[PDB]
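**Student:** Below, each chain spelled out in residue letters.
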Amino acid sequence: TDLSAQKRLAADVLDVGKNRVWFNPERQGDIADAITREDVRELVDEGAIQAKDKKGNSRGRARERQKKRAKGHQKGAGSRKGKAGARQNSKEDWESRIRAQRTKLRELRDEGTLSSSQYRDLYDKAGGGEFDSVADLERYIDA
Amino acid sequence: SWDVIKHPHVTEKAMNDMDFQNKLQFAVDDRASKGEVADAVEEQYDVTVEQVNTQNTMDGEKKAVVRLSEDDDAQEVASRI
Amino acid sequence: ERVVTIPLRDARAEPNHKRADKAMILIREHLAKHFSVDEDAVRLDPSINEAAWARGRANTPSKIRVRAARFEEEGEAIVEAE
Amino acid sequence: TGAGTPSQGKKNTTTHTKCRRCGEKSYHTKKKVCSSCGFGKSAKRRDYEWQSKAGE
Amino acid sequence: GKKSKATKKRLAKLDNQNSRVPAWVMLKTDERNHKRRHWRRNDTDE
RNA sequence: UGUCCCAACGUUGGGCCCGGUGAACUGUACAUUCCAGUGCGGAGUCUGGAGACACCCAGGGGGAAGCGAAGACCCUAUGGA
RNA sequence: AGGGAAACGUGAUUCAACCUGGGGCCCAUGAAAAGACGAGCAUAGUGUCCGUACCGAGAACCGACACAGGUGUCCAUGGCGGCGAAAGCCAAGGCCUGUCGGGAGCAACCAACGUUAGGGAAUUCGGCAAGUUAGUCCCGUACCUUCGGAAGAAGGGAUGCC
RNA sequence: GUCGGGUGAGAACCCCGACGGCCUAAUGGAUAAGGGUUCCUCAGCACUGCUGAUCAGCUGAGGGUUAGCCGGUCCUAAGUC
RNA sequence: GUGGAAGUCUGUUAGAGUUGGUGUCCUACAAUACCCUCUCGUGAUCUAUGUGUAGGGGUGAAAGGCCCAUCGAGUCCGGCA
Ligand SMILES: [Cl-]
Ligand SMILES: [Cl-]
Ligand SMILES: [Mg+2]
Ligand SMILES: [Mg+2]
Ligand SMILES: [Mg+2]
Ligand SMILES: [Mg+2]
Ligand SMILES: [Mg+2]
Ligand SMILES: [Mg+2]
Ligand SMILES: [Mg+2]
Ligand SMILES: [Mg+2]
Ligand SMILES: [Mg+2]
Ligand SMILES: [Mg+2]
Ligand SMILES: [Mg+2]
Ligand SMILES: [Mg+2]
Ligand SMILES: [Mg+2]
Ligand SMILES: [Mg+2]
Ligand SMILES: [Mg+2]
Ligand SMILES: [Mg+2]
Ligand SMILES: [Mg+2]
Ligand SMILES: [Mg+2]
Ligand SMILES: [Mg+2]
Ligand SMILES: [Mg+2]
Ligand code: NA
Ligand code: NA
Ligand code: NA
Ligand code: NA
Ligand code: NA
Ligand code: NA
Ligand code: NA
Ligand code: NA
Ligand code: NA
Ligand code: NA
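Chains as they are written, first to last, in the authors' numbering: chain Q, 1 to 143; chain T, 1 to 81; chain Y, 7 to 88; chain 2, 1 to 56; chain 3, 1 to 31, 35 to 49.
Honestly, the hints are just simulated from the structure, not real lab data. Beta carbons are placed, not taken as given, at the ideal position from N, Cα and C, and that holds for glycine. Be a bit skeptical, because a hint or two may be false.
The calculated EDC-like cross-link candidates involving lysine to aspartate or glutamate, where the alpha carbons are at most 16 Å apart (straight line), are [claimed, not checked]:
1) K25 (chain 2) <-> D48 (chain 3)
2) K25 (chain 2) <-> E49 (chain 3)
3) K8 (chain 3) <-> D30 (chain T)
4) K9 (chain 3) <-> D30 (chain T)
5) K75 (chain Q) <-> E64 (chain Q)
6) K18 (chain 2) <-> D48 (chain 3)
7) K13 (chain 3) <-> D30 (chain T)
8) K8 (chain 3) <-> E50 (chain T)
9) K9 (chain 3) <-> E50 (chain T)
10) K11 (chain 2) <-> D15 (chain 3)
11) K5 (chain 3) <-> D29 (chain T)
12) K8 (chain 3) <-> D3 (chain T)
13) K9 (chain 3) <-> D3 (chain T)
14) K28 (chain Y) <-> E7 (chain Y)
15) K23 (chain T) <-> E50 (chain T)
16) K5 (chain 3) <-> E61 (chain T)
17) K18 (chain 2) <-> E49 (chain 3)
18) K13 (chain 3) <-> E61 (chain T)
19) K32 (chain 2) <-> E49 (chain 3)
20) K25 (chain 2) <-> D46 (chain 3)
21) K69 (chain Y) <-> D16 (chain Y)
22) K30 (chain 2) <-> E49 (chain 3)
23) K11 (chain 2) <-> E49 (chain 3)
24) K8 (chain 3) <-> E61 (chain T)
25) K31 (chain 2) <-> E49 (chain 3)
26) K63 (chain T) <-> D3 (chain T)
27) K5 (chain 3) <-> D3 (chain T)
28) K18 (chain 2) <-> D30 (chain 3)
29) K9 (chain 3) <-> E61 (chain T)
30) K54 (chain Q) <-> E92 (chain Q)
31) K69 (chain Y) <-> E35 (chain Y)
32) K5 (chain 3) <-> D30 (chain T)
33) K8 (chain 3) <-> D48 (chain 3)
34) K125 (chain Q) <-> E111 (chain Q)
35) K3 (chain 3) <-> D59 (chain T)
36) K13 (chain 3) <-> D59 (chain T)
Computed list of chain 2 residues with no C-beta within reach of chain 3, every gap over 12 Å [stated by the list, open to error]:
37) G2
38) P6
39) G9
40) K10
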């Protein structure tokens, strides 16, 4: 008995990898007799031919670690492999910062706390990298 | 002068088209267009050709898959020959 | 029928990446000898196979308890894990 | 790179083809000229007195 | 590759010329296809 | 730091035995050789002695001026480029 | 509609495809033509001809071979990992055909290789081969120099898990 | 790869199940060129297959490629006639 | 601080090359291969497909290199016994 023809068919009818298709060891004779895609679907319904289950990788251990790293752990010198600007792209980070500081100043203006001249001044000093952060900015603002 | 139809192309797969889709398969001369096959077929078997699909075969001839109108029956037209 | 402990120490004389295969052969040769039967007549239930390949092809266990029965018209032995 | 075996691999180009005129597989499809009968070059058929011995 | 209608035709002929001498010709001639061509071992023209 | 003193042990694939498959190089003939001698002055074969029961397995290659290539060097040709 | 045994979700982040903007460079200036738009709607007819199988490679191609060689394009967003299209491990998918097997603790010898005390280049034409160092962060850094560089100089410290 | 099992006159290597592995820009998926029927089915083992073969890209006979809207076709490029 | 220049650096990304091991092979897997190591890797870069240049002539960042395993003058046939 040579069921390799069937395998190929079974693989397509079940819409699975030939390697996952399963033929019951007690019906090689019947299955050996399947010749059409139909005879196959039939043998499928009787459960003689079935598709094994595909596995998936378990991200459990990966989730735990993901928590520890979001909480700040497992990121010491001995756990870094990439250069510093590799782990954090300095240009991207300056865009993050400056947009914060520019957004902040923008609010205080519309809010009224700042006069278009005070704003202007601050803005110009932000673009000049005078504030390490919005907090640093607010502080400077209060004289 | 060459004739368009050569003879009916009877094979397992030619049977299924016939029984299941009302189609007649022929071995035609390769210079024949879908048009010439259509007319030649109607005039020979007195039927209405709805569609003609062709293929230049690895046999050196041209195969033609002719579908007849629901009004005619492939199984019957082919049965008389 | 009886239960026997098979020593697989001679499987080390065979390149390590091929221990499982040699083990298997050793079992059969042990049963065929201790149950006075031809190795042809010895049948190993898959259980024994899986026990031997449990940890890969090169990490076979130094022993294996196997339960075997002997009988029939040409003489033979059927075996399995325990 | 070896001029031998390794340079033989890149040979998947088509040049000489069945000739419309003579039937020999010598119709260079890139030059559109037959190296055997001269189709595509000469109306007359390619032929030379050196294709045979001087006195024959 | 992309073949033409002419090309396809000849390949077709070649496949036909690649059959064996019918058993009845053996009998009729009281006793070999010298042009047998294998796709791998040989090479057609064009 | 096994490059060395200075070699050791181990791992894997061969090697060795078995089944199957199954080439090639090479071959004037003879041939179990060794020590001397002789010879166109570099001998398994001549001469004198010595040694030598026949067959087979593995080995590392001393010899057959071993096999492989009508010497690339040198000279000669009323040669070639 | 379809598909699914069944449920037949909703929010979010990062966002290949695709869309759309700004800037910089050239002693270098980055095709053309057909066609399309410009130029509406109904209904009907027509839309011929040629290609379409399979391989696309450690057996379907070239290399005399089922040759460890050679041979273009697309998938570059599957998971862990990490700077990464890197290593290692693992899915999906594919395979056990880089296609002869059996046996001997399996000797000498050889191929690839591990480990070797004390010494430490004594080896050798020569440190050939092998080895040492190694990722990241902080500290620190000579001569010289075309001021760019030398420079990761050197040297010193740290490095996990909870 | 191994243990079972299927088929067969004949099975280490054809097929089924389990276990054990190998490939992760490839040993996966889609293709260009080139090959030209090698594709599928059935029947086979004198040849081919680095051993064997019930298997096969082998032998024999049958069958298989369907397009207004995927390519070609049309256009023009270096350039060619 | 921003900016992101460069025949720039590291880099078996892909890809291109070929320094050493004078390793393996050397009747080969291979009439130029294998492995480890190593160079380049945004540019005078690499590559597919098309196209141009022909034998005392091409092409040559020049080695007398290359022009289908053929090059101090390709190959085929003829002169030719
Ligand atoms: Cl902008
Ligand atoms: Cl196409
Ligand atoms: Mg920056
Ligand atoms: Mg068509
Ligand atoms: Mg050459
Ligand atoms: Mg046929
Ligand atoms: Mg004597
Ligand atoms: Mg000489
Ligand atoms: Mg000289
Ligand atoms: Mg001269
Ligand atoms: Mg297809
Ligand atoms: Mg092979
Ligand atoms: Mg030591
Ligand atoms: Mg010294
Ligand atoms: Mg070194
Ligand atoms: Mg087939
Ligand atoms: Mg069969
Ligand atoms: Mg560079
Ligand atoms: Mg680099
Ligand atoms: Mg080119
Ligand atoms: Mg010179
Ligand atoms: Mg030639
Ligand atoms: Na016919
Ligand atoms: Na061929
Ligand atoms: Na060593
Ligand atoms: Na010798
Ligand atoms: Na990733
Ligand atoms: Na085999
Ligand atoms: Na600046
Ligand atoms: Na190399
Ligand atoms: Na010349
Ligand atoms: Na001559």
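**Student:** It remains to establish, for every hint, whether it holds in the given structure.
**Tutor:** Taking the hints in turn, this is what the structure says about them:
1. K25 (chain 2) <-> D48 (chain 3): Measuring from Cα to Cα gives roughly 6 Å; hence the hint holds.
2. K25 (chain 2) <-> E49 (chain 3): 6 Å, holds
3. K8 (chain 3) <-> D30 (chain T): With a Cα-Cα distance of about 12 Å, the restraint between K8 (chain 3) and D30 (chain T) holds, given a limit of 16 Å.
4. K9 (chain 3) <-> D30 (chain T): 10 Å, holds
5. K75 (chain Q) <-> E64 (chain Q): Since the Cα atoms of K75 (chain Q) and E64 (chain Q) sit roughly 14 Å apart, the hinted pair holds (cutoff 16 Å).
6. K18 (chain 2) <-> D48 (chain 3): 6 Å, holds
7. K13 (chain 3) <-> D30 (chain T): 15 Å, holds
8. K8 (chain 3) <-> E50 (chain T): Since the Cα atoms of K8 (chain 3) and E50 (chain T) sit roughly 29 Å apart, the hinted pair is violated (cutoff 16 Å).
9. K9 (chain 3) <-> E50 (chain T): Distance ~29 Å between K9 (chain 3) and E50 (chain T) Cα, so the pair is violated.
10. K11 (chain 2) <-> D15 (chain 3): Violated, because 25 Å separates the two Cα atoms, which is more than 16 Å.
11. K5 (chain 3) <-> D29 (chain T): Since the Cα atoms of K5 (chain 3) and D29 (chain T) sit roughly 13 Å apart, the hinted pair holds (cutoff 16 Å).
12. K8 (chain 3) <-> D3 (chain T): Distance ~22 Å between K8 (chain 3) and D3 (chain T) Cα, so the pair is violated.
13. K9 (chain 3) <-> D3 (chain T): It is violated: about 19 Å lies between the C-alpha atoms, which goes past 16 Å.
14. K28 (chain Y) <-> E7 (chain Y): 25 Å, violated
15. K23 (chain T) <-> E50 (chain T): Roughly 10 Å separates the two Cα atoms, so the pair holds.
16. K5 (chain 3) <-> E61 (chain T): 11 Å, holds
17. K18 (chain 2) <-> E49 (chain 3): 5 Å, holds
18. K13 (chain 3) <-> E61 (chain T): Answer holds: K13 (chain 3) to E61 (chain T) is near 11 Å, not above 16 Å.
19. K32 (chain 2) <-> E49 (chain 3): Holds: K32 (chain 2) and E49 (chain 3) sit about 13 Å apart, inside 16 Å.
20. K25 (chain 2) <-> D46 (chain 3): Between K25 (chain 2) and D46 (chain 3) the Cα gap is close to 12 Å, so the pair holds against 16 Å.
21. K69 (chain Y) <-> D16 (chain Y): 11 Å, holds
22. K30 (chain 2) <-> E49 (chain 3): 13 Å, holds
23. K11 (chain 2) <-> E49 (chain 3): Status holds; Cα separation ~15 Å.
24. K8 (chain 3) <-> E61 (chain T): With Cα atoms ~10 Å apart, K8 (chain 3) and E61 (chain T) stay inside 16 Å; holds.
25. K31 (chain 2) <-> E49 (chain 3): 15 Å, holds
26. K63 (chain T) <-> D3 (chain T): The given pair, whose Cα atoms are some 14 Å apart, holds under the 16 Å limit.
27. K5 (chain 3) <-> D3 (chain T): 20 Å, violated
28. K18 (chain 2) <-> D30 (chain 3): 38 Å, violated
29. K9 (chain 3) <-> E61 (chain T): Since the Cα atoms of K9 (chain 3) and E61 (chain T) sit roughly 8 Å apart, the hinted pair holds (cutoff 16 Å).
30. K54 (chain Q) <-> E92 (chain Q): 40 Å, violated
31. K69 (chain Y) <-> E35 (chain Y): With a Cα-Cα distance of about 14 Å, the restraint between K69 (chain Y) and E35 (chain Y) holds, given a limit of 16 Å.
32. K5 (chain 3) <-> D30 (chain T): 10 Å, holds
33. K8 (chain 3) <-> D48 (chain 3): Holds, because 12 Å separates the two Cα atoms, which is no more than 16 Å.
34. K125 (chain Q) <-> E111 (chain Q): Violated: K125 (chain Q) and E111 (chain Q) sit about 20 Å apart, past 16 Å.
35. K3 (chain 3) <-> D59 (chain T): 15 Å, holds
36. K13 (chain 3) <-> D59 (chain T): With Cα atoms ~7 Å apart, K13 (chain 3) and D59 (chain T) stay inside 16 Å; holds.
37. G2: The claim holds: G2 (chain 2) sits with its nearest Cβ about 23 Å from chain 3, beyond 12 Å.
38. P6: Fine: 21 Å to the nearest Cβ keeps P6 (chain 2) off the interface.
39. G9: 17 Å, holds
40. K10: 16 Å, holds
The structure is inconsistent with the numbered hints 8, 9, 10, 12, 13, 14, 27, 28, 30 and 34, although it conforms to all the rest.
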